[PDB]
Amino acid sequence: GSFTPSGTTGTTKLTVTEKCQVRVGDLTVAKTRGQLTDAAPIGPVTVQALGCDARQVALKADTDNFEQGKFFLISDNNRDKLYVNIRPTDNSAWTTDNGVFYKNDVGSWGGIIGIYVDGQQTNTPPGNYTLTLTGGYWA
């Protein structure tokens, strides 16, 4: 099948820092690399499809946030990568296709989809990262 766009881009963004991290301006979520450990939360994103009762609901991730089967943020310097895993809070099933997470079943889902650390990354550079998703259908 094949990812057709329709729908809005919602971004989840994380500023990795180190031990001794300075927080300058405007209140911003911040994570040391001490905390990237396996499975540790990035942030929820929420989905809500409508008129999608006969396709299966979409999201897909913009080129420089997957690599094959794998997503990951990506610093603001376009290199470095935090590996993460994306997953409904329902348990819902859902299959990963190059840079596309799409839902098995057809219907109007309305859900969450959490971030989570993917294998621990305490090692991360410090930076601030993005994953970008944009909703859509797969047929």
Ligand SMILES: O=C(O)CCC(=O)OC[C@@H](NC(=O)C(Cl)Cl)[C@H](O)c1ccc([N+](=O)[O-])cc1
Given for the second form:
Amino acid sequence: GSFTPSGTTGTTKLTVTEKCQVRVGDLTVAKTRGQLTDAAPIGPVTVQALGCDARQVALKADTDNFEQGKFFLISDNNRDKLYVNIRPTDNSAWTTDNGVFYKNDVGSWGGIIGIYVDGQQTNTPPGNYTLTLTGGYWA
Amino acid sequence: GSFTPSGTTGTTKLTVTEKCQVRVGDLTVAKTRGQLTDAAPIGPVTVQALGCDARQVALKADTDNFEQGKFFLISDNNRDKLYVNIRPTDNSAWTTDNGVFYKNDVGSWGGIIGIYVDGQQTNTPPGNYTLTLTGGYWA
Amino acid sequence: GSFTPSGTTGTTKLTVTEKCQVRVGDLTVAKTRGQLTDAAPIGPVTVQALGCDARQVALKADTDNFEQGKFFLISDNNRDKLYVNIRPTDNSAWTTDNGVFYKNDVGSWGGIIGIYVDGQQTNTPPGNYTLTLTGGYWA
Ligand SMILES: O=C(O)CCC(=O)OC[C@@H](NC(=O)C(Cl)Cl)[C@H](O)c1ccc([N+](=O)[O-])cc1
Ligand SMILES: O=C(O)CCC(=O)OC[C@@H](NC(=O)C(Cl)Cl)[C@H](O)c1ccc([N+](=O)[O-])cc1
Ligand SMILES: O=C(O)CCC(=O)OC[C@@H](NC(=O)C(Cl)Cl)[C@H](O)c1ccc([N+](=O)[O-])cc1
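Please show me the structure of the same protein in the form solved in complex with this ligand, now that we have looked at it in the form deposited without this ligand.
After this comes the whole thing, all chains and molecules, with the earlier chain placed first.
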């Protein structure tokens, strides 16, 4: 049961605002707190594995993005959490183990991992939220 | 008289150089210190508000970018200032209040905010300068 | 013998992985440690000088990227080095002096600087490696 970092990093960012929302500069992913309903999509994460025919593809969340079997985006100040579910768009089987989301079967998997709001969190404080996922393999 | 953060962040960057200027890597906004003449344009900042029919759109500068009713880009080391004026390209009326630039009338305004050199500053030390503006609303 | 910073910054990034490599998110430059063979190209660095007819174009590496006449990409944690050679793709003559790579002749040079693995380093620890180069001039 261990993760070996071996791959690149994907960063999922979301800015939460109030109903009166002021977008400054280039387009980024932003939602009102009212839009943070259960199962609301936050964004996709592409995964492309190579040379993993005999290993289980895995993604490890940054330390600040997990606790107690749960994943969450975290505010810039490290204070506020936005709980999420992480799920492949296909029908593949994965397991969660202490910040690690790994594939049940070996193979050089390619696919999309979706990040979804876990439980309505319409009271989330406005701010910039991040989830960082690093590629590697589990055993 | 208070700002509520509610929106995204726009970052205005400028690299100041000497006459002999060496651009490394991708194109970025760069000027010689000799080009930092009064009213010289540094760049535009897009603003798009939504759901603000009953609020005054506002932009708040990072703490390190204002003092004494004045705005400035700040060097990477926090030491050197480049004083600027912030002005909408249209004929709309705005007010400055302690790092906050807010619109006089309520409404979901969309427009361009220009950043301009305030007073000739042709002796500015070469370096990378930044101005950070966060969207929200004032009352 | 001194460098005057005057220009922009180019950042060369490389993620080193094991054979089982998991790419997460957008495409970035990544190699297996087995690919870090001698003279292996890491990437190009564009250089465009202006107003340097009477100066020697120069690039200075960040402090953490050089020591003892040698250049290296450095890991995120500052611990691990990946030694490189820096060489213009054309036939121009340059000199290295304590973290500074400068052109022997004056002139507003434009060209490509290649970054290459210096000596096989197939045991490099997986991680994210960076080399930062700032433009300016030498005398
Ligand atoms: O994406 C966001 O920024 C917010 C969520 C969204 O787009 O709503 C719905 C959306 N789904 C997702 O973002 C899920 Cl989280 Cl993967 C959409 O159906 C979609 C986008 C991208 C891809 N893809 O690249 O394969 C598949 C499906
Ligand atoms: O922009 C820079 O990088 C330097 C300033 C400049 O472009 O000089 C002149 C320029 N103006 C500005 O940058 C002002 Cl600061 Cl908005 C130009 O007229 C312009 C650019 C973009 C837009 N727009 O997007 O609507 C309107 C006008
Ligand atoms: O580049 C990488 O990401 C890895 C190295 C590579 O591309 O292998 C080979 C490659 N060379 C380089 O990257 C050297 Cl380090 Cl400049 C290629 O021949 C090339 C790329 C770009 C340019 N250019 O912009 O002028 C010239 C030549």
